[PDB]
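Only one chain is given next, in structure tokens, and it is the form solved without this ligand.
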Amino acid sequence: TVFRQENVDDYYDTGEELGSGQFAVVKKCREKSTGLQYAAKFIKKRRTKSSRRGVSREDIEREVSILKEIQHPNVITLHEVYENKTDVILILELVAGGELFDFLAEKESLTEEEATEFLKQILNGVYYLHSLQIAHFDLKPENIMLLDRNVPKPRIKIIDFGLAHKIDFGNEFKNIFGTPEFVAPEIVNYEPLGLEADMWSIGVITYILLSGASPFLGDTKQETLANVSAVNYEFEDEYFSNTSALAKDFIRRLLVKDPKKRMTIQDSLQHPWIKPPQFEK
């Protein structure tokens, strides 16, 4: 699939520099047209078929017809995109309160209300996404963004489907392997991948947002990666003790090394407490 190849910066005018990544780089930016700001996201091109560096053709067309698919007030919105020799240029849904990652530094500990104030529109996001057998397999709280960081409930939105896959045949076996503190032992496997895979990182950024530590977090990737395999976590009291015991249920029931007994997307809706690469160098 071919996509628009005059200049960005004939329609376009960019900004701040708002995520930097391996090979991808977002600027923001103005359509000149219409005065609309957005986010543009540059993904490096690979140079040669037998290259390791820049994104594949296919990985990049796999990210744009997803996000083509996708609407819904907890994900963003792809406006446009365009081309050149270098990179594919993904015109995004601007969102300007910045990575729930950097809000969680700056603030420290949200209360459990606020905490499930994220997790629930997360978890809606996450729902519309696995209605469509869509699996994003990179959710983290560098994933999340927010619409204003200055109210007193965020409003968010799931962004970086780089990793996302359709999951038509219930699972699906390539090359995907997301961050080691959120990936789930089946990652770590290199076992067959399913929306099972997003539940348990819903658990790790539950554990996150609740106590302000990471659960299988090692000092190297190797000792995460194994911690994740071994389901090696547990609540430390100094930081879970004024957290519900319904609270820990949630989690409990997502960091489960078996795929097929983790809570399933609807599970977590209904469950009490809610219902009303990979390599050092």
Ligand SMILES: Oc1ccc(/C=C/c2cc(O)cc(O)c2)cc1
Given for the second form:
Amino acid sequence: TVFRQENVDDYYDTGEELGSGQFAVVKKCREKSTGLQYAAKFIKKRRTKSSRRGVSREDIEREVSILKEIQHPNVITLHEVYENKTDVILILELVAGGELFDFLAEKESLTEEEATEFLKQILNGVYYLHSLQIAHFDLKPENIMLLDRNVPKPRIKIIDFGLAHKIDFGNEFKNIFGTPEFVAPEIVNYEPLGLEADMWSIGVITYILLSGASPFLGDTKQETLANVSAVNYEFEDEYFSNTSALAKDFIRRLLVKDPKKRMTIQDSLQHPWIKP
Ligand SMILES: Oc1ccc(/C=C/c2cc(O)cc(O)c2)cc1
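For comparison with the form solved without this ligand, provide the form solved in complex with this ligand.
To see the whole picture, the full complex is given below, headed by that same chain.
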């Protein structure tokens, strides 16, 4: 599938840089014809077939195909796609309140109400995705953006679909692998992967929201991965002494090694800590 090959600078003006990663940079932009504002994600293309720099066409097209499908208040929306010899440029909805990761650095720990206010929106977004058989595979606070961080109950949107896959056969067997602190044991063990892997990541996020601490984080990446596989975490009293047993129950039913025994997204929405 080919994308718009006119110069993006003919149609948009860029501004503040919002972030950058290994193969991409995101810049605020403004569409000339409407004055409306977006985030432009420039993804570096692979320059040869056998290279390891840049992102393969197959991987770019999968991300674009998934983004084109989704429209939901808690997921980012794709506006347009451009490309040139060096980059594919996603014109994405602008979400200007920053990462949930940076928001948590400020408060350093949330109440259960503040945590469930965020979590309910994350769960609603993931329920939408899983209903479409889309696994995100990279859920973490860096990939949750706030619309406005200066309100009491910030609204969020899930971003960064670069690892997302359609799961039409119940599982994918692809060596998909994200951030060690958040990946499920089946990712660590290179096993077939399904929607269940996102539910583990939600359990990790929930633990972090409530405590300010990461449940499996070791001193090195290999230690973190070994801890995940062994389900080596505990609810430290110093962090969780005033946290309800029902919140711990929610986490405990997500941080389950066997994916078939883990809570599904529907289970999480009916769990008594969440369900109204
Ligand atoms: O597949 C995707 C890949 C990356 C993104 C990132 C979007 C994004 C949008 C913003 O408004 C601000 C931002 O800092 C990031 C969204 C989807």
